[PDB]
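*Asks:* Residue strings, one per chain:
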Amino acid sequence: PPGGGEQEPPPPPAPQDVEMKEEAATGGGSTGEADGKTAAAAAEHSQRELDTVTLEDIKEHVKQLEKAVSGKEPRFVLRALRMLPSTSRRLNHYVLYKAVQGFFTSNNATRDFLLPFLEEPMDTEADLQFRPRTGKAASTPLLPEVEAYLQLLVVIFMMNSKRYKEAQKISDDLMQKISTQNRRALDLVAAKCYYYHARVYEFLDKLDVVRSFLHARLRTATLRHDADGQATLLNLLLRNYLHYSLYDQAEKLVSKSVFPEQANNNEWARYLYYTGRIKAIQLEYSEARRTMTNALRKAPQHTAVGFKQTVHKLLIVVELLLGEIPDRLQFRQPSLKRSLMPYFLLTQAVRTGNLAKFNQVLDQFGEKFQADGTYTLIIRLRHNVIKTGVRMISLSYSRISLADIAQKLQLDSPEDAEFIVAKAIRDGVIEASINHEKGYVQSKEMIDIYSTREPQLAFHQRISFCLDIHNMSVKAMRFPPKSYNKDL
Amino acid sequence: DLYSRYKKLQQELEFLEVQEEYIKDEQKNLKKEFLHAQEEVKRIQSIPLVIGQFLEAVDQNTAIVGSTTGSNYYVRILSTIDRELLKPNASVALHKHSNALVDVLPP
Amino acid sequence: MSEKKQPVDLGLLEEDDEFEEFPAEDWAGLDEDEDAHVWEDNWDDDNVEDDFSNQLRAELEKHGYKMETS
Amino acid sequence: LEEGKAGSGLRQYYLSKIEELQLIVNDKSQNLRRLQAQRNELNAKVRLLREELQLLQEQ
Amino acid sequence: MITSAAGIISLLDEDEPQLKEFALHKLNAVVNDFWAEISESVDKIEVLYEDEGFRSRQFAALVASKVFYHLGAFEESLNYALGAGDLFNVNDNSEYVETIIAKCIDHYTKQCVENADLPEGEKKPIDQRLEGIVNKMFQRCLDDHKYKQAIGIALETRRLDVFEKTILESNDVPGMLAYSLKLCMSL
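Protein chains in written order, with the UniProt record's numbering: chain H, 18 to 505; chain A, 39 to 145; chain V, 1 to 70; chain S, 11 to 69; chain X, 1 to 187.
Each hint should be verified, as a subset may be incorrect.
[Unchecked claim] Over the 10 Å line for every Cβ pair with chain X, so calculated as not near, a few chain H residues:
#1 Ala215
#2 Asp380
#3 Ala420
#4 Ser460
[Stated by the list, open to error] Which residues of chain S face chain X? A few of them, derived with a C-beta cut under 8 Å, are:
#5 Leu11
#6 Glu13
#7 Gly14
#8 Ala16
#9 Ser18
#10 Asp37
#11 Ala54
Just so you know, the hints here were simulated from the structure itself, not pulled from any lab data. Note that CB positions come from ideal geometry on N, CA and C, so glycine has one too.
Sequences are here, hints too, so could you generate the full structure?
*Replies:* This is the structure:
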């Protein structure tokens, strides 16, 4: 009784100041920032709100707060209500209601007052004037707080929060398309909503509702968008298409439209991993290699570690198809290390390529990579072994023996040697000379680079493409200084 | 008002439009003028000149110079030359007529 | 979003809950020889090492016997 | 009704996006004219060095 | 209902149109779901539209006109929404109908400026159903006129008798002529 009883009212009185100061700082900062001209100043709170969201993703917020700390839940915004002029007595009220809970105690509870959150959104959310931005700035931050701990029958409470979200703003909207900074906020805000109860969705249900409406809301923007939030709404569609769609006459190349200015400094990376994951099933060797390795190298801001094990793991999964498999070399973090701790014996078992042993080795300790689903690219790997090994033979000498290298490829016949080597010949990835003088098969095996071999035409295209990248980077150092000198 | 704001506003679209090629004309012409006056103040700096000696710098970008004849001269120095050449005991070289410094000489 | 990092990290906590500090200490048996040694070299050394961990690891002791026999 | 509120309303929303386009033409005109004031003041400054050139002719 | 059905493609590629017609009917439910699954059968829809063999040119031209603005230009959708002939269509607050009368009105007054500077000679043909669906939603605004956009669009449409019916029922007639010339000297 004295241990936690003496340290009980101590620890708590500490996130109160930073959360109230935070909601007054970004609330009064957002309203007090874009209040006069919201249409002139745009997206200044874009990075602010998302950095507060990623700042509160690692909240250790509620650990003990089920027991008599729940006074923060019935309290809310309460700024300048019931009359748009004459808010001075409400400036008194701001200190008053915060001071009422600070005299002795408060009658508090957790799960009772959830459903009448629409009492103020019926008449006045904040002021009767800035109702959209104050409505979303009021409701949308506090809904992941109470609808955190998605488990333990808060899924139904999440459904209540869903129908409240749609019911006040995103059933259609209050004015269809706000066409301001909170329209541009409401894109990724409504998206973030749909990601947040997308766990509720895939938890028991599947694709069959708001996702089907999200094409209509995806095109209700009119098209005149920059389509950043439209792309974020596309990302939940494509992640919904990851687990089971497999049809390619719509999303593959059909969904592929204008390719708008879709940046976010995250959405290139995760959008590109998503389209590389779905473009990874046809075994893309040129494109998804470089650009999916690029999407690995993007998003450095928060972590380069915890998520890029997936684009990394899939990346090396499709890299060992080509015969040349680079391991984890330049990045040191013990998350990808434990990620490849099962994968290491088999990815080193790629290059030597011993059939009967490594066939037993894969399924032998195969637990999670073969429990990862349907054995597809490993079942292509199982006969890609001799193709990458014979590609190492292509990196070795020319003539093919009937005992030495045929026995070495575990493949002992005159027919299958030239036959499957010829299956490497019909690829075109190699250079070989099919000749029979006595029956032995030659190859010129010329891996001579273009150094003194048509160089002008060769790095011709390198000059044009590289100068276009460097010179559009010159555009990228022209225009943001215009975005510097614009205000002054 | 409300539907008149459209076609009323279109004239502001056109009037802000006309500043585009105008600022193109200014930005292309005044840099040509900048290399005009730049080359013209460059060709003032000619190599036949008199060499003096530096004595003191009494404030920034204006100093005094001991001539070869011993008489001390008060010259506002030229702006392109930085503060390294404000060395007090230096081999300074002004013009023979302009009497502004192009370069100092290594001893 | 970076909130889809959360179920992937729940998968990571299941991976760390597979073996609890059995691979950190046992693989730290190799890391204590491998810590602060540049791991780009440990991929080449791990490459030819794991290549010859099966057979003919040292093998330079055998080449003197390969002289008269080959 | 539902046209001046909806069809001419979204036509007015498109006009607001046109005001965003004139916010782009606006701030390009702003920063390009600040660059123009910079070159005007710098070339004006070496022109004032030509005003100093008579005091260069003062020996 | 369906998402990835391609049996509707094969039925759309099929003759004896009494099976084509309700297939197109059930296509018009799933079009906002998937316009891109229709993108491969766009060619067959166009073929059964261009001939007069199939009886309903607006069941074809409505499908093509509602898949083109999802796919590409609003002109090519607009040529089949306007080229759909007689269309029995009520006013709706749905996005599709308001966008096609939106680009219809915009390109209509585009044509009206294109021929406003050409009073005589080489006069371009304007189809009469364009005038009907412009003046239908326009007169639909002019139930009460909404006291503003009658003279506004009536100046935007560059047409001669469009504004005499506005001033027939008009309140505060010097307010309408002073408001009128106020707009006219500002353009």
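*Asks:* A separate judgement is required for each hint: does it hold in the structure or not?
*Replies:* Status of each hint after checking the structure:
1. The Cβ of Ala215(H) sits about 18 Å from the closest Cβ of chain X, beyond the 10 Å cut-off, so the non-interface label holds.
2. Against the 10 Å criterion, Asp380(H) stays outside the reach of chain X, whose nearest CB is about 33 Å from its own CB.
3. The claim that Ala420(H) lies off the interface holds: its Cβ sits roughly 53 Å from the closest Cβ of chain X, which is beyond the 10 Å cut-off.
4. For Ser460(H), the requirement that its beta carbon stay farther than 10 Å from each beta carbon of chain X is met, with the minimum near 43 Å.
5. With 8 Å as the threshold, the beta carbon of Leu11(S) comes within range of chain X, its nearest partner Cβ sitting at about 7 Å, so the hint holds.
6. The interface hint given for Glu13(S) holds, since its Cβ lies 5 Å from the closest Cβ of chain X, which is under the 8 Å cut-off.
7. Given the 8 Å rule on beta carbons, the hint for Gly14(S) holds: about 5 Å separates it from the nearest Cβ of chain X.
8. For the restraint placing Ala16(S) at the interface with chain X, the shortest Cβ-Cβ distance is roughly 6 Å, inside the 8 Å limit, so the hint holds.
9. Satisfaction of the interface hint for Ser18(S) is found here, the shortest Cβ-Cβ separation to chain X being roughly 6 Å, below the 8 Å cut-off.
10. Contact between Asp37(S) and chain X, as hinted, is not supported at the beta carbon level, the nearest pair being about 26 Å apart and thus beyond 8 Å.
11. A cut of 8 Å between beta carbons decides the hint on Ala54(S): the least distance to chain X is about 39 Å, and the hint is violated.
In summary, the numbered hints that this structure violates are 10, 11.
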